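There are 2 protein chains.
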Amino acid sequence: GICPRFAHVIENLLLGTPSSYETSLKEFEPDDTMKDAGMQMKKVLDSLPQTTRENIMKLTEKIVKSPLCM
Amino acid sequence: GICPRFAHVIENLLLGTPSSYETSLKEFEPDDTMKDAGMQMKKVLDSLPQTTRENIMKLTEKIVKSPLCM
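The listed protein sequences derive, respectively, from chains A and A'. A prime marks a further copy of an entry chain.
Under PDB author numbering, the letters of the first sequence match residues 1 to 70, in that order.
Under PDB author numbering, the letters of the second sequence match residues 1 to 70, in that order.
Rather than coming from a laboratory, the hints here were simulated on the basis of the structure.
Calculated pairs, PhoX-like style, for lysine-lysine (alpha carbon to alpha carbon, straight line, at most 25 Å): (1) A'/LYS62 <-> A/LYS65; (2) A/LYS42 <-> A'/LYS35; (3) A/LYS43 <-> A'/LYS35; (4) A'/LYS58 <-> A/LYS35; (5) A'/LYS42 <-> A/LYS42; (6) A/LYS26 <-> A'/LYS58; (7) A/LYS26 <-> A'/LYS65; (8) A/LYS62 <-> A/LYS42; (9) A'/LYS58 <-> A/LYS43; (10) A/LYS58 <-> A'/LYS35.
A short list of chain A' residues far from chain A (calculated; beta carbon distances all over 12 Å): (11) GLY16; (12) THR17; (13) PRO18; (14) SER19; (15) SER20; (16) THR23.
In this text, a Cβ means the ideal position worked out from N, Cα and C, and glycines have one as well.
Pulled out of the complex, with its shape left as it was, chain A reads as follows:
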């Protein structure tokens, strides 16, 4: 379906704090550039309403649990 650590990453991206996202990322030993790019992503996603991020999470689960991703 989906790499468990990756899912954690996405969960923290959409619904968690920059803090927890940050910890999540460090597992993968990103370089400073990739880490910076990822925080730029977080900052902008955080502009979206809560409801919107919940629906993106729900959307993400529907993709990863599709017959198409089996």
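Put chain A' on the given structure of chain A with help from the hints.
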């Protein structure tokens, strides 16, 4: 590593047009709400510089190809 269709989705999200992202999504038969949420995501990611999106893509590949996602 990663569901091939999902990866396509992400690729189109970060580096493609709203158009191609849109086609990509439809595979998964998203409802109108999930589709709307996903387009709201696209619109905001599109605010980020090209370079930034390239690095997020590179970051994404590093995650999916980690020993941790084996």
